[PDB]
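I'd like to ask some things about the structure below.
Heads up, one of the protein chains got dropped from this complex, but the rest are sitting where they should.
So that you can tell them apart, the chains are marked A and B in the order they are listed, and the count of residues begins at 1 in each.
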Amino acid sequence: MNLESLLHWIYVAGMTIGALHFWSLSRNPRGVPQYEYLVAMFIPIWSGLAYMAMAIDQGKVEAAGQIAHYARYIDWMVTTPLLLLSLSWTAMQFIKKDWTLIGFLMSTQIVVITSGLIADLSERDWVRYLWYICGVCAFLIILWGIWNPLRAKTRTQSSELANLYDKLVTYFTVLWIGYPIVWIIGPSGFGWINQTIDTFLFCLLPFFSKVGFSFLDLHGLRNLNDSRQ
Amino acid sequence: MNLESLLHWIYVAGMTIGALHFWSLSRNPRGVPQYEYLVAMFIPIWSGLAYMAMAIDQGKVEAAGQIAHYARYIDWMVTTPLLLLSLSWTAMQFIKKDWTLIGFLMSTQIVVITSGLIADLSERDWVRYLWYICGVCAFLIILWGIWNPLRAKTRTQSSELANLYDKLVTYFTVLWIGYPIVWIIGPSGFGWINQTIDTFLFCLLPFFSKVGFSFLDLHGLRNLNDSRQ
Partner (left out) sequence: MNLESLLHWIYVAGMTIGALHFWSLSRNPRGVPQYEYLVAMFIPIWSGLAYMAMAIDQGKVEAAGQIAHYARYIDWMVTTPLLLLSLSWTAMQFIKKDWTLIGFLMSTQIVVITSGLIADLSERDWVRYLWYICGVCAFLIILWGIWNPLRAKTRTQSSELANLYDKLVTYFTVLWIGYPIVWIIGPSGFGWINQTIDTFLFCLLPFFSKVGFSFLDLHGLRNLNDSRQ
């Protein structure tokens, strides 16, 4: 009764009803097959349980008197990668041969989330300065590489599929770069301030990315051609 | 020497000889292909070494003088998902196209296991009651969705393949519901009692479902038409 929250509580509330909204709208989709709603169904479910937990402050251990954001990165080890996989399905409306490109995105993602779970596990104020630089640096090499698929020479192949991927990649970068920015200040990122505003900022951001990604794909593809299985 | 056990010891002993039993019987199976014993081979192997540890009292950490069932859920995070995957193989003889339902199943399971590992990691006597109802509730939505595959309208397709999944899910539910029941009483489930009967019940149940599942599929499919690679 000394420390109660209602931000993470309502978080899971909207997530639960989200997946359910697909159960009713399943009678007929808005042009885009259920495949999109599928991956977008698991993201809210899992994260939901993790949110309500943050409310009761469950899933955190007091190391050296300092509270670690264990529940924060854990959800960022399963949700984020899944958020990366949803992109693969967005462009790939069908599969015929096992691609290796997907394996490149999955592996590189694991390396990023690693720098995120260790950042909060800083043992000293000096070590936190080293790992921090390693996190952003990783995103650099990954940015130049993820920006390769959009070859300027392949633009002759199909401009249609190129435009779609060019629109979803834009908002994608804004998010992935968003977190690294806010990290510049606050806890576990140079900044000794209250943990109230911190948990409030890292809460509203993922949300702005969750729902924002849903409506994004809707206008991204914009197709009226349906195909049953 | 003041807390020795022989229950978990015999556990791994029976699992080890189990996989080997297939190595000799591999000369020829009971009509059912080797893919069945394959998945059923990894289950006892991994879980085997896990239980053996429970005997030596390993894989457990003493936090604040409180013992945690760390190794308990661990085996339930790798074995259970595999116990689910086996169902997909028993219902699918040969694959020709990558399904998506297999993903929604493996995902929803990860959610269930999550509530299981946290259930024991209760930080308060009040937070435990909350995380508890969350686990069962999660099984509710999954129960209505898992019971969907057997559509009454798709019965016009094949009554043979249907009756196969019917008998399978039947016993599958009794088990999945079994644990949630015993949880009502005992540690990590509202019940301050000895840890002897606790580990004695939670150990006998998995074993009752381990061997019971093997003989189940044998009579479940019952086929005399084998196919080589």
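Methods note: contacts are C-beta pairs under 8 Å (C-beta built on N, C-alpha and C of every residue); 3 or more make two chains touch, one makes a residue touch a chain.
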Touching residue (missing chain; options A:123, A:166 or A:226): A:123
Touching residue (missing chain; options A:4, A:98, A:125 or A:160): A:98
Residue touching the undisplayed chain, where the options are B:13, B:38 or B:184: B:38
Touching the absent chain when the full complex is considered, from B:52, B:68 or B:112: B:52
Residue of A:82, A:92, A:111 or A:203 touching the missing chain in the full complex: A:111
Residues of subunit B (touch criterion as defined above) contacting the omitted chain: 35, 38, 42, 45-46, 49, 52-53, 56-59, 78, 95
Missing-partner contacts on subunit A, residue numbers: 98, 100, 103-104, 107-108, 110-111, 114-115, 118, 121, 123, 127, 130-131, 134, 138
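As a convention for this text, only the chains that are shown with their structure count from here on.
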Interchain centroid distance [CA atoms averaged], subunit A/subunit B, Å: 30
